[PDB]
Amino acid sequence: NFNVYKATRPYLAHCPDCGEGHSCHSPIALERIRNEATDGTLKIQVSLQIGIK
Amino acid sequence: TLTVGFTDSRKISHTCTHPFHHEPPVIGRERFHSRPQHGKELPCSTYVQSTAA
Amino acid sequence: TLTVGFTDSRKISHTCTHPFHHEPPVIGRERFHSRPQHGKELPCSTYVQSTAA
Amino acid sequence: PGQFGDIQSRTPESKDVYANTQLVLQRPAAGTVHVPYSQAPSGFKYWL
Amino acid sequence: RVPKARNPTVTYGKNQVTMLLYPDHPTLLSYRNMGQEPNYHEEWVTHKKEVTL
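Protein chains in written order, with this note's numbering: chain A, 388 to 440; chain B, 12 to 64; chain C, 12 to 64; chain D, 7 to 54; chain E, 42 to 94.
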């Protein structure tokens, strides 16, 4: 269920390359990438929240 | 490399890029590029699309 | 190869294609693909976005 | 630090873990907030 | 801005040094003798390797 997200909020963070070759503060940013599965799927963590108004 | 992005509510785009090294592992004694129609079956692991605790 | 194009006023597209060889040079004693967060600085040259005479 | 057996345990359900990797912290860059570090890569992946 | 490499593992012996290298992308390695005869050497490293000098 989505009940665990009731009191949370997103945030801003530092990104090393914002498209032009310069750094900037972005509403979307990357956390660790995991590649443990043998069939080649990936799990990615970002700073925004999907599915909740 | 890996890139993510989305579109704002004022029609403005945002992106961020991080370096990475992607190379899926090899299963069996042959290297192949797609899933065949006639073949053999071997074990592997994957991710399950479940939202349970 | 290198290609350019645009769209006409009657919903018609146009293209032109020429051969070329693109390979950026290397700076330093390492080959890298993107911009890191932790590192050093060395001199290089760029183009300036100015319309002055 | 970089061969088979950097991490060891007695059974999959145990809580006691032994580790002999290298971990050194580094100075942060000017004007940013982050925690950089240097560490040897995993040895189990290389064996595969 | 350019990146920096990670530290190696070094062991000692009589009149020799053994090093183990952990590269992420192609890196250059060189060494010279102090004194009157430098005896310059150079090589490129692309994967895990062990050397003795």
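Take the hints with a grain of salt, since some may be wrong.
To be verified - Calculated cross-link-like contacts (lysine-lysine; reagent style DSBU-like; alpha-carbon spacing at most 35 Å):
(1) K51(D) with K55(E)
(2) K55(E) with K22(C)
(3) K55(E) with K21(D)
(4) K21(D) with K51(B)
(5) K51(D) with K45(E)
(6) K430(A) with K55(E)
(7) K430(A) with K21(D)
(8) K22(B) with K440(A)
(9) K51(C) with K21(D)
(10) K45(E) with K89(E)
(11) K51(C) with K430(A)
(12) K430(A) with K440(A)
(13) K440(A) with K51(B)
(14) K21(D) with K89(E)
(15) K393(A) with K51(B)
(16) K45(E) with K51(C)
Calculated from the structure, these hints are not laboratory results.
Each hint tested on the structure:
1. The straight-line distance between the Cα atoms of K51(D) and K55(E) is roughly 33 Å, inside the 35 Å bound, and the hint therefore holds.
2. As the CA atoms of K55(E) and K22(C) are separated by approximately 79 Å, the hinted pair breaks the 35 Å bound.
3. For the hint pairing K55(E) with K21(D), the CA-to-CA distance comes to about 42 Å; that exceeds 35 Å, so the pair is violated.
4. For the hint pairing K21(D) with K51(B), the CA-to-CA distance comes to about 40 Å; that exceeds 35 Å, so the pair is violated.
5. The suggested pairing of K51(D) with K45(E) holds, with an alpha-carbon distance near 23 Å, which does not exceed 35 Å.
6. Distance restraint check for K430(A) and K55(E): the Cα-Cα separation of roughly 49 Å exceeds the 35 Å cut-off, and the hinted pair is therefore not satisfied.
7. Between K430(A) and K21(D) the CA atoms are separated by roughly 26 Å; this keeps the pair inside 35 Å, and the hint holds.
8. Taken as a hint, the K22(B) and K440(A) pair is honoured in the structure, with Cα atoms around 19 Å apart against an allowance of 35 Å.
9. Our distance criterion of 35 Å between C-alpha atoms is broken by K51(C) and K21(D), whose separation comes to about 42 Å.
10. A threshold of 35 Å between alpha carbons decides the hint, and for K45(E) with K89(E) the separation of about 17 Å falls inside it, so the pair holds.
11. For the hint linking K51(C) to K430(A), the alpha-carbon distance of about 31 Å falls within 35 Å, and the restraint holds.
12. This hinted pair checks out: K430(A) and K440(A) have alpha carbons roughly 23 Å apart, not beyond 35 Å.
13. With a C-alpha separation of about 47 Å, the suggested pairing of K440(A) with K51(B) is violated against the 35 Å cut-off.
14. Taken as a hint, the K21(D) and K89(E) pair is honoured in the structure, with Cα atoms around 32 Å apart against an allowance of 35 Å.
15. Taking the CA atoms of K393(A) and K51(B), the gap is near 48 Å; set against the 35 Å cutoff, the hint is violated.
16. A hinted pair counts as satisfied when its Cα atoms are at most 35 Å apart, and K45(E) with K51(C) qualifies at roughly 8 Å.
In this structure, the earlier hints numbered 2, 3, 4, 6, 9, 13, 15 are contradicted, and the remaining ones agree with it.
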